[PDB]
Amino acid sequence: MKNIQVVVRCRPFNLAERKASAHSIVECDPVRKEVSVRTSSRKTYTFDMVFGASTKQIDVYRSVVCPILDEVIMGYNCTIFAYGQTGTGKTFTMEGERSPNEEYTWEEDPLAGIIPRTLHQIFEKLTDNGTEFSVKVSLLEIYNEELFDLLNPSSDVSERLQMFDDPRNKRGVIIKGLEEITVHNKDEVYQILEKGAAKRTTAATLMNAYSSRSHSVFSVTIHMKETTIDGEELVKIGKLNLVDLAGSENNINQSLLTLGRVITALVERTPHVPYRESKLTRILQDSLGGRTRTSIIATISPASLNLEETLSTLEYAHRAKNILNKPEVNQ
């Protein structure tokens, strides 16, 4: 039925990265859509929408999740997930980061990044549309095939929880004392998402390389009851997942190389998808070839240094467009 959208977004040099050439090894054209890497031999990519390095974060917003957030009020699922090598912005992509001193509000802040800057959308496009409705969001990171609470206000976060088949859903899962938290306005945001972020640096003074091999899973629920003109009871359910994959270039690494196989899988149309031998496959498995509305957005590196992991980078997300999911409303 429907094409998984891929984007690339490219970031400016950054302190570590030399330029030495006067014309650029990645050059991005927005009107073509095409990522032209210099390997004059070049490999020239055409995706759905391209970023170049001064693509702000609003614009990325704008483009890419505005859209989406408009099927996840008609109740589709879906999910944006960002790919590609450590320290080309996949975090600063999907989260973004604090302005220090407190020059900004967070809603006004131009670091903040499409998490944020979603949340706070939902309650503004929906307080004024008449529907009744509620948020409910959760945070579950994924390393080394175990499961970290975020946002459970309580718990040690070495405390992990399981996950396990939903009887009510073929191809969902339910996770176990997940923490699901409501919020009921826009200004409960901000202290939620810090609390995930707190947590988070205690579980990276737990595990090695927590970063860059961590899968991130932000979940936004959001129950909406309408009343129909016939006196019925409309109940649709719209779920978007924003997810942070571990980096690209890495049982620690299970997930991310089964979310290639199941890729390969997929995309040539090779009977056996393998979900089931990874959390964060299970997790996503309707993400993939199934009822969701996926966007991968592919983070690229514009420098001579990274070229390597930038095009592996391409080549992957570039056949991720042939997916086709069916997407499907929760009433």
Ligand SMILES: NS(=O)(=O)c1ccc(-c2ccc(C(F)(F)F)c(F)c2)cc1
The other form holds:
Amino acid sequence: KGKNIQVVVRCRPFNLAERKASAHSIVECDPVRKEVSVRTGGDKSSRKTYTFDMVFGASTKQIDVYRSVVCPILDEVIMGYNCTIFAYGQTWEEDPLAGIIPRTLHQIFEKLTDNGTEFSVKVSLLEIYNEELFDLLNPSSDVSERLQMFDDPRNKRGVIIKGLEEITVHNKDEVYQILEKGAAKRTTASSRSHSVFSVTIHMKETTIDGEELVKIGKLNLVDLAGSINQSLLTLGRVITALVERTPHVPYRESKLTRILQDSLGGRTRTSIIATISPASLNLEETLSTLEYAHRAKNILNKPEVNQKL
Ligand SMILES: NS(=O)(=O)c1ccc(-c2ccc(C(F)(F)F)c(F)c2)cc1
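Any chance you could show the form solved in complex with the named molecule after that form deposited without the named molecule?
Below is the entire complex, every chain and molecule, led by the chain shown above.
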């Protein structure tokens, strides 16, 4: 019993810095066969072909790709699972995982409210920089100060980040106000930092008088920094360990993998969206992203509904 991590690969259009280098196009994205295929030299037919849960070529807008992966997750969140989406590859206009948060909360409110259901919504936003935690929704606290984290015995395989501002959200507008005044704290001059956005959703519903069903749903949106980066590196070694079935999974060897341990062979429903360059200029990074992504789809998680009757 379990669900392997859902992995989608997206290929993005050529960027202008790729045309200037005269790069040629080396990636094929076969959405119907769910295969991305890379030319490994050179005409030559040297190829390496991978299969994924979903594949998107450049013509599919980034938003549509997220949509295809997020909306189905949001229903799982509401059913009461904990879910995590890892975005790796990101960056007219081009937006990270954060840029779809207000859309996310809209659907969530819309599903809940038009269904007369009683709920609360609390959000978090932290940044992992140089192996240190930084809260991005705390307004008054000094911008250069960190957060501490220990192991909570109540959840023996999980952690607690004391000081982290959970913000309650009622209307699909507050998100914008809070979201932007969050980018205004990560401005330091961020290209090497991971951001974890978290939406927690408490839900209550009467069954028959005397009885209530209480569900809690949690979504984490992880925007992984691109490739020296302990979190990224360990993220890799965790992927590898889980798949090769080695006894010791180096979770505690980085803040990111410690924070999101349950997402990797844990009790969380996990999806990964890896974007890849079409350019021959990036064959190695592309070859890399597909290795991790390909290993990742082999990890089994065991999600459980979190609910009390
Ligand atoms: N800097 S590194 O060599 O340690 C490294 C770089 C990238 C990764 C990595 C690349 C892609 C993915 C993903 F599968 F998420 F796309 C991932 F989860 C991890 C892992 C290790």
